[PDB]
Amino acid sequence: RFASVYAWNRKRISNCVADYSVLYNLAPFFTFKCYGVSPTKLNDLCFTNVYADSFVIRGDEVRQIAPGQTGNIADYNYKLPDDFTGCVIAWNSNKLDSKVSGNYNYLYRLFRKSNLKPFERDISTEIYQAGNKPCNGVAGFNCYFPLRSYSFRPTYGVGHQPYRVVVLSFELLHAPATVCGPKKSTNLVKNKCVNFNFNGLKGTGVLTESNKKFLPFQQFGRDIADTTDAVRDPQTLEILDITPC
Amino acid sequence: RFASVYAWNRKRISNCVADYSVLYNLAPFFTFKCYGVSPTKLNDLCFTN
Amino acid sequence: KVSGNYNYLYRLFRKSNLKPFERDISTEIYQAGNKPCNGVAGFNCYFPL
Amino acid sequence: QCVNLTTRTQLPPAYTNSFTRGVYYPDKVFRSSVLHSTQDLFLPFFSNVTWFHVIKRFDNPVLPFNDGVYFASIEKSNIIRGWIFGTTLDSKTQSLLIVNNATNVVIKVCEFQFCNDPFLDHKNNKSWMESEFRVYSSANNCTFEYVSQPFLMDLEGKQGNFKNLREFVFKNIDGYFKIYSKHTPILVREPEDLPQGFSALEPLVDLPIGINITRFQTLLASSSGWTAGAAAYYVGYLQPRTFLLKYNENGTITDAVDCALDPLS
Amino acid sequence: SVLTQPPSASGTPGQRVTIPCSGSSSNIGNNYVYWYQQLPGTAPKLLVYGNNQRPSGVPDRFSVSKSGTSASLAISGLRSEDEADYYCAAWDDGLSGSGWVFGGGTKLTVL
Amino acid sequence: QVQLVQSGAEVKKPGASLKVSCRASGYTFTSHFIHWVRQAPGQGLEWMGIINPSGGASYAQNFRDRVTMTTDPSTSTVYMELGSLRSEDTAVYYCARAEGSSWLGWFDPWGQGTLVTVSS
Ligand SMILES: *[C@@H]1O[C@H](CO)[C@@H](O[C@@H]2O[C@H](CO)[C@@H](O)[C@H](O)[C@H]2NC(C)=O)[C@H](O)[C@H]1NC(C)=O
Ligand SMILES: *[C@@H]1O[C@H](CO)[C@@H](O)[C@H](O)[C@H]1NC(C)=O
Ligand SMILES: *[C@@H]1O[C@H](CO)[C@@H](O)[C@H](O)[C@H]1NC(C)=O
Ligand SMILES: *[C@@H]1O[C@H](CO)[C@@H](O)[C@H](O)[C@H]1NC(C)=O
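Sequence lines, in order, name chains A, B, C, D, E and F.
Take the first sequence: its letters are residues 343 to 587, numbered as in the deposited numbering.
Take the second sequence: its letters are residues 343 to 391, numbered as in the deposited numbering.
Take the third sequence: its letters are residues 441 to 489, numbered as in the deposited numbering.
Take the fourth sequence: its letters are residues 14 to 68, 75 to 240, 251 to 294, numbered as in the deposited numbering.
Take the fifth sequence: its letters are residues 2 to 112, numbered as in the deposited numbering.
Take the sixth sequence: its letters are residues 1 to 120, numbered as in the deposited numbering.
Hints may contain errors.
Taking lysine-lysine and the DSS-like style, the derived pairs with C-alpha atoms no more than 25 Å apart in a straight line are [unchecked claim]:
#1 A:526 to A:554
#2 A:421 to D:197
#3 D:177 to A:554
Derived coverage of chain F by chain E (criterion: at least 3 residues anywhere in the stretch with Cβ under 8 Å from a Cβ of chain E; other residues may be distant) [what the hints assert, rightly or not]:
#4 39-47
#5 106-120
Note that these hints are calculated values from the structure, not bench results.
No residue lacks a Cβ here, since even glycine has one placed at the ideal position from N, Cα and C.
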């Protein structure tokens, strides 16, 4: 059961090992395009937070979820921000959603007084006003019901089957991590030039011990030139110090 | 006189600027519903004929 | 009109569903049966207008 | 507790100059001994912060919300509990209820409908209990629900010498609600205005509401004469500004400058 | 019209005759394919359906296989009753519509 | 035991109307989708469309705008109404059932076949 486009459900995902291999192997995909990351390089980075949206839209409008578009599903229902990260996984689902009798359980908003900033929601269904004199009771002339139902049939071609859509959005390397792909820890060493991979932050140097106090809501220190030079060991809670060979 | 149902008249409308706002501001109008596009944005669409 | 405007007619019986967007009127009399009849009303003959 | 009363002696709220309060950590990365320039929504230096006092007089009006609010409370008897956020507050649109009285900080985004002022005088009679807990007549359908550890509590009642000074900033950016908190104890400023000091707030929660909010009113808890703890809360509005912030050697903020007030600045 | 089939087929009794059906991603590249056999003055019957199971009442000598994006049906032990027209069916989806397209057909007979 | 019966049809003038019935017995009528198919002489096969036993129906887009469905889940009958015929649509029609889930499935029942033609 996927949501309607105008009342989409956003889900948290935290404290788990994320493997996208069991996902990208799905042959019947029709689209897998990523903006800030590449689809094949998602198995070595740890994300601060992951949110997985969901809705079902008509096949013609699957191109409209990308940032910077406009229309009746990109300004009145669900609008992505201009600086989007993460990526969208869209695939045809004509077998499940569509029905021969005519599926009538998917709505979308048509009339709104003004647009909406990204990632906003509106369950309100008060009658839209178009004329000078407000109406009441039932809608009609100069005032309309804001929601109209999709009509899905298996007859219609591409552009009218429902493409199920799920969108993953995640901030990259600004906070303590909770979710990322499998890896094998390799102990810890000090005062020996090594190749450290701390939560996806590659580099090279020697890791001494430091006495600078980290506030509880911080993980990475920085210096003038905007380069990380103090990290918190993910397993223990020691504060290290990265300096070049 | 309007044409009857069996011989409804067809008129060609093109190469003109159509302002539906003045039409919409009439008194005795009773029923007005639209299907193809939103009836509140009829002044921003361009068609061949 | 109070006196009666009887210049509008509509069709009751037709041979089959008309092609959408047609502007052709046929004065042929409709026949319920296969045998053609014309002139006065007779067996299985009735006016469809 | 819901009785038609009217007789709203809505005294006009007063003015004060919010000297330097309301600044916060903008980025979650450690720094030390450097000056950093940020561009955010800040409470301008020396702005007409609006002061409300709750004691014969009593008020809690609905105030506008426009791009974040700085809320500073001086209170000892624990009389101001929570907040309500919304656009119409009439059960037709989603709204936030934030309450942190006794059990846990509860944040609920749902359809809510509200009465005027549920109480008798403040509470009957001297011990807390459960009474008319149905502060919601109903709630059709809603999504968000959050519970967490409560903030600092107040024990017993004290008149004057209000050591507690709470200050919060609420900011709404792109479907995210950011609440930054800071509790400064031992305040001996008996006369009136907020102290001439400095305190940078710390992040407390950053959570995905994704709704539309425009107005909020604070939530607070016989012939003549009554004992009630006096509460003084100040409200200020935030503007898009650029600040220059100083971090000392320990990684904490000492002072900041606003680059638009004074040509010296 | 999208489905391509040999115009006709033939073979001596006792031989093995292979019939192909080549489509595309829309027709065969995603879903199952069916094979249908039609006899003169008879209703259509079933030869292979689901591509991994054979119906009841039919000999299993009708060998079937999928070669990438094509279907192949091989027949051994040819007899007189084998003379029939063969079609391949596959639910197809297109940019203008979608349907239950049948194959062009292939007339299989012996002189 | 299980078999579908149709209506014998004869010559029809071009542009006429055809009402073809399909009566099924020996199984639960309101459990299987219905496929109607049309075969033209000197050509392959083309399925007319798909019908729910109790509800609406769906049609191939090429053959839409001229075919009409009505259902009656009381005496177990399914009807085609066809209009705006031409001399090139003379063919044979079959009414058949399918698996209860439609699409991918087994088609054991089949239509007896009814012929439509134009001649004088
Ligand atoms: C959030 O809600 C408020 C109030 O419902 C909206 O404010 C409206 O703004 C438009 C344009 O400025 C005005 O025409 C309306 O009169 C305002 N509403 C009221 C009740 O006065 C605001 O637009 C909403 N947010 C969004 C993104 O639409
Ligand atoms: C009751 O409420 C109404 C609100 O319209 C107010 O006018 C009236 O004065 C109230 N009655 C009393 C006794 O306060
Ligand atoms: C700010 O407060 C001062 C002091 O009363 C007053 O003179 C001034 O008009 C106020 N400005 C605004 C914008 O309210
Ligand atoms: C409860 O106490 C309040 C004051 O604290 C008083 O106004 C009210 O009348 C009391 N109610 C009862 C039932 O004693």
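Now the hints, each set against the structure:
1. A:526 to A:554: Violated, at about 29 Å.
2. A:421 to D:197: Between residue 421 of chain A and residue 197 of chain D the Cα gap is close to 21 Å, so the pair holds against 25 Å.
3. D:177 to A:554: Violated. Residue 177 of chain D to residue 554 of chain A sits at ~40 Å, over the 25 Å cutoff.
4. 39-47: holds (count 4)
5. 106-120: holds (count 7)
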